[PDB]
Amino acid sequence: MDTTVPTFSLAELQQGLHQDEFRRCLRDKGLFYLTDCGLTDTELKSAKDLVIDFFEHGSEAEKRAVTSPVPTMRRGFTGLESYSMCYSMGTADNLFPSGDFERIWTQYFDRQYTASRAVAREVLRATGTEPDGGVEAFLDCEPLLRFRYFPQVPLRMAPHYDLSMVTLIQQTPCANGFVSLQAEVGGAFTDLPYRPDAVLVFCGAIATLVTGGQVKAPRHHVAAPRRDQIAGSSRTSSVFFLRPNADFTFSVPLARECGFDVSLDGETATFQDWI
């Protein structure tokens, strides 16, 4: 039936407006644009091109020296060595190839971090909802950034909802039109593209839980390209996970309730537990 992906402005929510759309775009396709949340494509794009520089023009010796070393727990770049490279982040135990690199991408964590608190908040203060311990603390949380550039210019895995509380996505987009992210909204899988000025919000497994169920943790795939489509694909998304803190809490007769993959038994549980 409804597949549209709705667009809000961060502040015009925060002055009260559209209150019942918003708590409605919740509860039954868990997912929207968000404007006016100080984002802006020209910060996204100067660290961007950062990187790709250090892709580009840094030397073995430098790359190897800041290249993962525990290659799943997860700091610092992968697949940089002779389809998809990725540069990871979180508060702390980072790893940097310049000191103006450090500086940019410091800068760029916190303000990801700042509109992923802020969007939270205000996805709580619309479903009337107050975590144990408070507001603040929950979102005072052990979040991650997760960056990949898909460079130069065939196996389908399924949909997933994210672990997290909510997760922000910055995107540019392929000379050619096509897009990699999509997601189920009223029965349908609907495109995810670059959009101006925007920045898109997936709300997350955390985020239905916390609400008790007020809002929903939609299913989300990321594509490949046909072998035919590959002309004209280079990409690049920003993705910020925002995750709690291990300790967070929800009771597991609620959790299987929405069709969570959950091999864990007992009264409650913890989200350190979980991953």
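Residue numbers count along the first chain shown, from 1. Think of the rigid core as the biggest set of C-alphas that the two forms share within 1.5 Å after superposition. Compared with the form deposited in another entry:
- Considering 44, 239, 209, 224, one residue stands apart with a C-alpha shift of at least 2 Å between the two forms following superposition on the core, and it is 224.
- Relative to the superposed core, residue 249 undergoes a Cα shift of 2 Å or more between the two forms.
- Once the cores line up, the CA of residue 258 ends up 2 angstroms or more apart between the two forms.
- Once the rigid core is overlaid between the two forms, residue 267 counts among the residues whose Cα shifts by 2 Å or more.
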Contents of the next structure:
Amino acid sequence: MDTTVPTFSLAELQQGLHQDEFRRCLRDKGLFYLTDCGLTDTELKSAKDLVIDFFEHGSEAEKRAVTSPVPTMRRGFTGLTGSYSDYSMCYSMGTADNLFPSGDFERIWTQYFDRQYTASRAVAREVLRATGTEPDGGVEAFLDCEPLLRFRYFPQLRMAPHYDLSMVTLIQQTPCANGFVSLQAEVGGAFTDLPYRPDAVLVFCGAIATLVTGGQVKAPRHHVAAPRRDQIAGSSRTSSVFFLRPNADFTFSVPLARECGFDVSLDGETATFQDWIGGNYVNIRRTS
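How about the form deposited in another entry, since we already have the form deposited in one PDB entry?
Partners and other molecules have been left off, which leaves just the chain.
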């Protein structure tokens, strides 16, 4: 195996190009960079700009006003002697129930969310087409789902190894000033760098892609590294992480789940996502 993380143009895939390369990428790697999907650096920088201003310059009171009463990191702001936000701050959003610091932030972030949600649906549609997969209930009902967007600022592991439990996850990063590459994934049994690319988004396949396709798609393990010390000046970083997550009522075959590695304890022949994961979303999982 070439252990190179590939790149695909969404526009080209949608035109039927690179069918074998894409399908083998999904089976053997389960991650790739995606160009030509409507996600520019320019917009990343505009959404990034307005939230970073809020993180640095918003007051305790303004933060409070967009903090959920339970600290779940589902919507709004999460700071996370001193503060939980010493380590990192988060801003989360979905298709509704959002908490916005102002009308300007709302306009920018709604647009950014919608662009990520469209791209995510679109790449997912290609993963399903590439694998000949018709979800129970059909493709469009499956993709009209329960996305979660989290943007996270890290001051100068960071994140332990895990796989995602999404259909797909779209990641936009900003680079470390000092060049350190924090995001890593297992490819060919070894940890491969996943650097910022100004022209592309990183796609990880998650365990729901494995499930829905009957095991035709790998859900790779990945983690976020921390610098040496030679590299701990200018080591701060941000990431925009978009989880395309199924509806609670997403239904699948139990015997099929078993065949691809899922250690289910489910009686009978079909089950729902809620049956499997329970009554709260679980976005990530460790192999341990």
